[PDB]
Amino acid sequence: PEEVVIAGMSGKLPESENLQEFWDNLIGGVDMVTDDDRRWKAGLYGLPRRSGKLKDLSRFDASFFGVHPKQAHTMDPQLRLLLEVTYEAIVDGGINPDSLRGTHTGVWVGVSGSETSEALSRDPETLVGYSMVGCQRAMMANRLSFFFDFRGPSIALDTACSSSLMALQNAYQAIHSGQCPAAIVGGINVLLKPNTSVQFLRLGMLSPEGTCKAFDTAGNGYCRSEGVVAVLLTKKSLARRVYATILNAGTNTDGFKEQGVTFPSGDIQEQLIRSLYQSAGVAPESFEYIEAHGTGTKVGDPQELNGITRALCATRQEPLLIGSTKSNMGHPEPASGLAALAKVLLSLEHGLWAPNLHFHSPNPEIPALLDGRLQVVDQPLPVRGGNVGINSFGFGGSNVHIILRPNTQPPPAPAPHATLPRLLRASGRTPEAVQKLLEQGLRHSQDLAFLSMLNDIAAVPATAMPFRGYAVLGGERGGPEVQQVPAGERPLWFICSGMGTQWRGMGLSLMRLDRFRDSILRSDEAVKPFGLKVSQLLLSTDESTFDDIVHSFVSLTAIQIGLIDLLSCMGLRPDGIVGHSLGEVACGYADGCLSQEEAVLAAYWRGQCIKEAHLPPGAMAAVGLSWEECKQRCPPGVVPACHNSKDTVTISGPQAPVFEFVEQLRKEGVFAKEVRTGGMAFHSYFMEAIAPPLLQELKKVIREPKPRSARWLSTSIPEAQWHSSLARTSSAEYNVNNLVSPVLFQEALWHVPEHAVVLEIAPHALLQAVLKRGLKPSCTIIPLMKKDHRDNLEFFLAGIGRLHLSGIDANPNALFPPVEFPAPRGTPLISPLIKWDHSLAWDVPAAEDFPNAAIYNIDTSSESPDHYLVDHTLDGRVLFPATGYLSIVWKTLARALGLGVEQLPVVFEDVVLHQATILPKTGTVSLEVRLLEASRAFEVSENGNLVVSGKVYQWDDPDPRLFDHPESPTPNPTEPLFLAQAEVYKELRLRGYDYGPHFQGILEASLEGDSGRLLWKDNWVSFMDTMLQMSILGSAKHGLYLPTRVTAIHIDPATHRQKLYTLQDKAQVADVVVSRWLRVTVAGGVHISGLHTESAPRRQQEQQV
Amino acid sequence: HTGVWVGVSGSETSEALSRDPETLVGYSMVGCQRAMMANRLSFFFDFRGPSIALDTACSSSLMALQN
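Protein sequences, first through last, are from chains B and A.
Residues 1 to 852, 859 to 1111, numbered by PDB author numbering, are exactly what the first sequence covers, in order.
Residues 104 to 170, numbered by PDB author numbering, are exactly what the second sequence covers, in order.
Everything labelled a hint here was simulated from the structure, so no lab data went into it.
All residues carry an ideal CB built from backbone N, CA and C; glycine is no exception.
Be careful, since some hints might not be right.
To be verified - For each label pair, taking beta carbons as the anchor points, the in silico distance ranges come out as: (1) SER164/A x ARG936/B: 42 to 52 Å; (2) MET132/B x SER164/A: 15 to 25 Å; (3) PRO1103/B x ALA119/A: 51 to 61 Å; (4) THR928/B x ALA119/A: 38 to 48 Å.
Throw the hints in and build the complete structure from the sequences for me.
And the structure:
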């Protein structure tokens, strides 16, 4: 069939957000297993404390993939992370994902768990339907097919711990047989349900130490880990980056075994190895590295390594290297194969084999390791070069083996175009993504294939990725440009300036691009028989070279044609063309009305015919007077020739009349500037004699005219007669009339639709000011070149970048020689450079949602999220805030009803704090919360002692009126002074309150203590405690009074979010009012009523003596 | 070299058996694991080929037939 290549790769692995972190850990030896308490409490049910745990599971860019917020919450974490990983993998290989939409690509996902689905279907009465369309195993690949629009098969294998490699093998077979052009093979595994770990523990597969000491005597069993990995398998004809070539891949099962289903058989593994390598036609001597399964079991390791020895070490002298990524990252059950593939491919990319951890002495039951035939990579070793093999054996019996040929592509030899600046274009969700891609490209400005791949993946629609930026590399005056992209398509227009724009040495900077030089040479061929060559003028060094009219016109038209040729390479078809009279020849080119040869010859003949005719010198000057005003102001024999804009209207005529008009304007003071054209007044009645010879010559030149497109807007003939015969098709008559009839440029500019993206196609952006004023305010001029600029190529690339920032998609790769593929080895990974919009935090099921009242562990340790409690020190000892209990009850009620706290307005009633809980300096205090939904009552207990009691229930009908601030009893009109934060907390300290920084929230408070402002952060406890502090501040009583009862508390989160108003800084604040007459403390969306505080005796610890 | 392609889209027995952390038997996984819907058949009948448990919903059986 056809070759199958690993073209891309992406994945999240333990303690590593991207493959770059995975490699940084592999080489550096950082063990990726940890003793954290993330998934569940360590030691629960006797399980090992160690496990492979991903850094996060709650980040997901829902808006990108079109998942509504309600569906995103119920979606499986594996599915979300796999969608992101798959997109990262597809763009890793330089393939724009849109180039695969609508094709026959397939999705094979190896998944062996549905914990989230079980968690979401626990409560039959409140379960939501879409939980099934996001938690089913089938959707693990069907969602990918739906979003990416792959028409190939969508299968979700299980195959009992070999799912990833089995999916890889199925994709390989599909691509080999021609059923599919490409495949997306992914592996997913997340540890959420402790009961599965307990089952594996009972089977004896796990290890008490959580270390997979593969290939070692102390091997006992593996430690479960997590991992989401995706690879892009494509046929060679469609790939850009080649990590390796799958020479052959196969699967077989152990069959029947006497010992049991779960006992591995080495004979079957040996047979699989031998069959695949023989079928591929390889020789065992070629293999250099074998990525063993390497679980680390007393039984599995001998079987597997003896199989590898009997299969590949039969007759080879030099030893065979062995490795196992499970020593580092643990064992991802279904995703194990793809993790090993990632390790192997990264090792090949960097030219080193990552060291294996936890290997000191070999297993005495493996003769190979004790001998020298089989060697383990205990320290980094350079890659000498050879084939590689990967084997993944599930405990059910399924065996998978793949043979990889590493990509050995030498770096491209230096070429002349290497020095030339190359343009880079990036698109992204957030400015950070664009800046990351730009910086990565900047660090590698000399990597042509890398820059081409980046430029390929950046052509994503602006709606999906509203941030774009360009960074011209290799230029001395270079830097990133980043700006937001407006939505909606914007028209692309062209402008071709007149005969004024000309300078000595134009086009040399652009002569280096192949397309431009080819176009200039074609123009020279068009003009060669006449007697001049455009390139001769360009390479020339005389200032007077271009002061000849014929030379000027020929060179200008040739350069404009070259610019249009460069534009057409990138795929830009103008939606409107409008040019000044020398320019229209080029405008004729833009629409296909004029052939290149015709246009160049026409320019030469215009220049000549102007040359032959001898007329009295006539100076054309543009004066700052309105077109209509110049109509009468223009002296007899002088007419307004060009209508540049409303402010400025060019006028031409005899040199003496024009000088007289200039003098008169100087007397008036109006802007009277005289241009230089060698005493020639264009678009004036003087040229009326030139036409006849020009008429004949052009009739000879343009043989069969062509229709004028609706895009072109002729400024030679007013808009009234745009349907006449004269302007129906370009010909000698049209060009002659343009050379004679006055220019109506201002008339056409009005027709440019609002939000257009204009391009000034000319050697100099002379009409930049004219376009900036005349055209509507919201249009972008985008000039291609500049006069006397040292390197016009950089300016042109910057102009293309500004096109990129306007929405129009142009590819700068077409402007340079193509990059042969596959790309050279060592081309940097692109997957790590992609970043998403992870502002939101979606739900991930907890370990207490599966079968086994609510209990909360208050750990004040540094890492614990409850660390802020260490600032609630009263009497010199840390106490749990009274409002802390309310948050616990709120969360428990929210979990009971099924809502979140932000979505659950609550009403506490008759709260009694029976005793105070002291938070120990070391350790934890466990608080239980019990509810009686029928009675609407709650009890918080601590070691069997009652702590808090009261009533809690959802607020059926919140009323925002309840939080309107009562009119203060004291007008306080003067308000001369107010207490700052420092002063309020100094007073509280003197009373005996030692609140730390976290529990300091009163930005200001009135002298009477009846009003103020409460700072808002993500924490409710701090906010409500600051309300209680405001209540206490105005009290005259001395000594620290602590709450003992509350009669009513209302929380309405919606009104709260509406009440917050940001200060001039970035801080969010809420106004507070305390009414001691009414016994209400109302601040933001909270309402405390009937607070009672009782004096607490001072601890008399009297630590000071 | 015979192979087994079994179309299964449910693991209810896995959930019921693994509800009690302090009484769950180890071999509940062998008989209730989804992949065991084909590996067990291969083990008993001594089939040395593929053993895969597809998961496409409403079409797992016919997808297995196609494979």
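Each hint tested on the structure:
1. Between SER164/A and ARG936/B, the C-beta spacing of about 49 Å keeps the proposed range 42 to 52 Å intact.
2. Checked against the hint of 15 to 25 Å, the C-beta distance between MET132/B and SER164/A comes to roughly 19 Å, which is consistent with it.
3. For the hinted restraint 51 to 61 Å between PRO1103/B and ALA119/A, the CB-CB distance of approximately 56 Å keeps it satisfied.
4. Range check, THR928/B to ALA119/A: Cβ separation about 42 Å, and the 38 to 48 Å hint holds.
Checked against the numbered hints above, the structure breaks none of them.
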